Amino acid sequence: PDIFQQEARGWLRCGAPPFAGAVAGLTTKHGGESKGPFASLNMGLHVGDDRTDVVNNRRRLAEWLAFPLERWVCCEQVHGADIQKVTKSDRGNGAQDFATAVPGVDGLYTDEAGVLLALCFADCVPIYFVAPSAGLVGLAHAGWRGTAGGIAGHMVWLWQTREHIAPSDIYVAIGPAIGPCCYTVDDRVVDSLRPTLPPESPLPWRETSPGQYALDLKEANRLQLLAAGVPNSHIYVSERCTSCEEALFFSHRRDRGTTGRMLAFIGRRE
């Protein structure tokens, strides 16, 4: 069974055992207030939807999780590889007004309880991190650009060098994202990813016609995490494709660029 399992409402819980001490999951597209291409549980404030509808969708998740919206922390998600540590003093940033989101970063982490890290997705890879003994949680957004920038390994490096956590103490869930079944890219994308993988590494793409590659970004990020020292048995990977599973997910690719966003979230209850 997939590591992300359907709950009673419009969300999937991360069921990997090391995440049992955390509130961790990904929303699905149903149960909200938004309309048209955003129907209905659009969590993204940056996609041209009605802000009142989106805030109400966020308040609905907050009720399902018993984790108030005033305790969430969001980031700008610029498709880079930068990451910021956040604390209770950052609560609310980007929760109801996109302009207050943490600027210039694509991942967040915290060692405090009572802080819900909250990032938006509709094909890019959500990477959830936990160090259960040390009380750290993290969440990163990795499309091809962030993966080429090594965002996954950057989280591990920060936890090692700034938080004094060995990679062997980290566990990771790679959530629903677009699969190689649906994601075809050109030489420039794969050429950007090549230097981020070990020289002996199997390549997470297949050339399906000249200059066209079926790309597996989940696997690219898993390989980077392995190279950064996270143990194989600590990395859980969802098999759900956001483009294929149209009944559950918004997909930037399938929906031709105008669609909602799911929210990936992780935090610990205070």
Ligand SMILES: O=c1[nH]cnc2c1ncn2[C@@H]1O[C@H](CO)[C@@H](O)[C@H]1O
Contents of the next structure:
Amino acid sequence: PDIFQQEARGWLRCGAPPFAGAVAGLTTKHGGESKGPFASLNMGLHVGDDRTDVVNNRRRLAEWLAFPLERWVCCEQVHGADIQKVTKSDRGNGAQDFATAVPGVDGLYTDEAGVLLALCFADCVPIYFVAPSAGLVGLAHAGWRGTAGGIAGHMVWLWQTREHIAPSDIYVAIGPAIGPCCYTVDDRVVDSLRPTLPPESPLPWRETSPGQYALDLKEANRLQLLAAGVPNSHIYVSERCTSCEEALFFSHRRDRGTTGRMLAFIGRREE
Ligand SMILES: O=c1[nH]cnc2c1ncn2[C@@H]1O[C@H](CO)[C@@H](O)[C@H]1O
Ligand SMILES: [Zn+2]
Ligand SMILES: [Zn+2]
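Okay, that one was the form deposited without inosine. Can I see the form solved in complex with inosine too?
In what comes next, the whole complex appears, and the chain from above leads the way.
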């Protein structure tokens, strides 16, 4: 059964055992207020949707999770590989106004409870991190550019060097994202990814016609995490494809570039 399991409303809970101490999941497209190409639980404030609808969609998730919107932290998501540590002093950044999101980064982490990391997705890989013993959670957004930039291994490096967490204490869930079934790229993309994998490494793409590659970004990120020291048995990978599962997900590719965003989220409750 998939590690992301449908809840009673428009979200999937991350059911990997190491995440049992966290509020962790990914929304589906249903149960919201948005219309047209954004129908209906569009969580993205920077896709041209009605802001009132989007904020109400976020308030709806906050109700489902019992995790108030005032406690979320969002980031700009510039398709780079930069990551920011956040704390309760960052709560609300980007939660209702995109202009206040943490700028210039594509991943966040925190070692505090009461802080919901919240990133938007519609094909790119959501990478959830937890070190349960140490109370760390993290979340990163990895499309091809962020993967080429090594964002997944950068999170691990920051936890090791700044938070003094061995990679062996880290657990990862790679969430729903576009699969190689639906994601075809060119030599430019694969060439940018080759340097990030070990020399002996199996390549997470297949050339389906000359110069065209079916690319598995989930596996690319898994291979990077393994190389950074995260144990194989600590890495859980969803098989769900955002493009394929049209009844659950917005997809930038399938929806031809005008669509909503799901929210990936992780945080720990404050008692
Ligand atoms: O509210 C938002 N927060 C973060 N990114 C957003 C938002 N709305 C639209 N995008 C866009 O969605 C992609 C992430 O997969 C990024 O390209 C970002 O610019
Ligand atoms: Zn993206
Ligand atoms: Zn697919």
